[PDB]
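One chain of protein is taken out of this complex; the other chains stay put.
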Amino acid sequence: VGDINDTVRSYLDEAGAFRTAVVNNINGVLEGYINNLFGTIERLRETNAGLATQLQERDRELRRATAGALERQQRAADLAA
Amino acid sequence: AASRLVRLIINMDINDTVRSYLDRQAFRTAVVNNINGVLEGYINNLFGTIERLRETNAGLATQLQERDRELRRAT
Amino acid sequence: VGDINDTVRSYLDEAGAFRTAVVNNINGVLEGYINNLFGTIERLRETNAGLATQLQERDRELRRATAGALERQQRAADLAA
Amino acid sequence: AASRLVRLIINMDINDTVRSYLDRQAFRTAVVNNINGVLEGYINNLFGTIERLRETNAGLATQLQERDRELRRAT
Amino acid sequence: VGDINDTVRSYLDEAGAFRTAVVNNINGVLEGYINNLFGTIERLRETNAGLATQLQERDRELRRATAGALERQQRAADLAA
Amino acid sequence: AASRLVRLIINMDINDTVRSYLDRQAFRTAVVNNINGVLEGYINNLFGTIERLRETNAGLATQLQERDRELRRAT
Amino acid sequence: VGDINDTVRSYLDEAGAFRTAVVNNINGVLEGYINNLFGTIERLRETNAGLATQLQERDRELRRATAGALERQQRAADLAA
Amino acid sequence: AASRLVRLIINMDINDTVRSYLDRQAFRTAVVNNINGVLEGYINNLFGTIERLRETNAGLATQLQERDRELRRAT
Amino acid sequence: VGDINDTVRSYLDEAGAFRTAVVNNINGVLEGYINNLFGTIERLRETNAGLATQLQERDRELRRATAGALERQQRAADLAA
Partner (left out) sequence: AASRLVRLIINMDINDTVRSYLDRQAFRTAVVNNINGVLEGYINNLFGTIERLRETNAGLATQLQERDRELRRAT
């Protein structure tokens, strides 16, 4: 959005020790951002753990299905022989 | 260091706090008046956008209701 | 209601650096109104998208009904002839 | 600044925030006393309006109850 | 409560630029009170409108009932003939 | 100035706002001590009313349960 | 808890103009206690009123039961004779 | 007014307010150091209490599960 | 997490009357933490009481069950004779 840059250049023109206050505000913004991303990374870890458990569950289901199909085919072949 | 703030916001609450922070005395008052004027113009553009959106919404709603009424007639 | 206008003209008569503070406060107020305008635009965009979806669905079932009616009429005419 | 506020409020919370922020010594004290008197008069007018609302609501409720009894007699 | 008036009188006697602050703060109190007065006005207006709608619909059913009674008595009179 | 405040409190939150607003050094400390003492007297009276209400509630509840037991006996 | 008492004693040692601030703060907390006391008084009054009405209902029920029992016994005695 | 505060706290949120307001230069620094030390001591005592409570909770939980297993095998 | 220690060390170097304010803020934060400590000890006490009640109920149930089992064995012995 160009409104952001327009406001930034308007502030720069108005300014032309405030730089110290700007730095402090930037540090506070960085702190807020780091808190938000801590939350996001924690929730994504939880989601990844859930997806991994789902993955192993469906892998077990696939193994069971393949084993059952192989057993049925083997017993059918034995009956045929 | 204003460029760092722009890159941080474009790399994405924070915007509103920055704006609230942003908000010779004769020159300062003149600059504040200029800022008020440009913000007022931007807000007028926003009003025009909202009016256009409302007009399109009304037109599409009348079209939808007319088509629904015609379909009910067709039954 | 003209009460707000009356109190504003009363405060202006009071006025005649305070005006700079008034301008700054109204600037903050219009910034909050800018936030409100952004929210309103988002809501209107969502409503417009939903309305477009509804109109396209209406055209779809209308076309279905017309096609069915034409098929019935054509088969009836062919049977009659 | 009066015209700008007038147009901003006619183009549509604005009143709430503006009048919230709204709130040589002899002159200012005297005119503030005058403003206080104006506010007292406005509040008295509003209380009179409240009393009128109370009276019309009471009359409307009584007539509705009487008509309820009228219908109950009619059956 | 007379205790409230006694405390107010004591504090005002102790106070007597203080009066200007007194008047400013009571103006703020007046604004806070007029907010709730506006809210109550709106609520009472809504209640009045609802009760008016109710009276109108009920007068309509009253007219229906009177018409039905007139029809019944006319039928009875015709049968008596 | 007291007339305006009593009119405002009797017009019907107002009490809370006025008390919040109410919230040479020796004279001021002495007079605020007197006001605090009046407040303590009021608070003690209201604590007495609380105690009396609690006692009456307990007695009435005991009577109620005794009468319920009496009715169950009377069956 | 004795911890609060010993910390108050330690700050009394600290003090030994703070008395005026202590007076103001106890005034404020006593205003808060007054609000809480008003709430408790209202709750107690409502509970007392409800219990009194329910007690009157109980009295009426017991009177009806005793009247019914007396009527039954008198009717039985009369029928016996 | 220490006696009044003691009476008020015994007669019973108030603690939070009084210790929120609670929190020459060299003497003040030394007494504040003493305050920090006594707060640290109380904190350590409370942490020991918390650890003991957690250990007892774990012991009761394992006793509950062991007794439930004994009941299940006793059937 | 080393950034917290790094910032604390940097601000200690910046300080080197700052120590008094730092200690005062530490005490304030300690009180704010004491609030949560009181909450947690209350919760732990409630959980401990609940677990004790469940333990006594369960061992009562177990002793009743073993008494019933002994009664059944005794009845079997009686019917055997």
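Every chain is named by a letter (A, B, C, D, E, F, G, H and I) in the order it is written, and numbering of its residues begins at 1.
One rule holds for everything that comes next: a contact is a pair of C-beta atoms (placed from the backbone, for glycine too) under 8 Å apart; a residue touches a chain by one contact, two chains touch by 3 or more.
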Identified contact with the non-displayed chain, of I:32, I:39, I:50 or I:68: I:32
Residue among A:35, A:73 or A:74 that touches the chain left out of view: A:35
Sole contact to the chain not displayed, among A:6, A:13, A:61 or A:71: A:61
Missing-chain contacts mapped onto chain I: 3-14, 19, 22-23, 25-26, 29-30, 32-33
Touch residues of chain A, complete complex, unshown partner: 17, 19-20, 23-24, 26-28, 30-31, 33-35, 37, 40-41, 44-45, 47-48, 51-52, 54-55, 58-59, 61-62, 65-66, 69
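To be clear about the criterion, only the chains that are shown with their structure count from here on.
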Pair exhibiting more inter-chain C-beta contacts, C-D or D-E: D-E
CA centroid of chain A to CA centroid of chain C, Å: 34
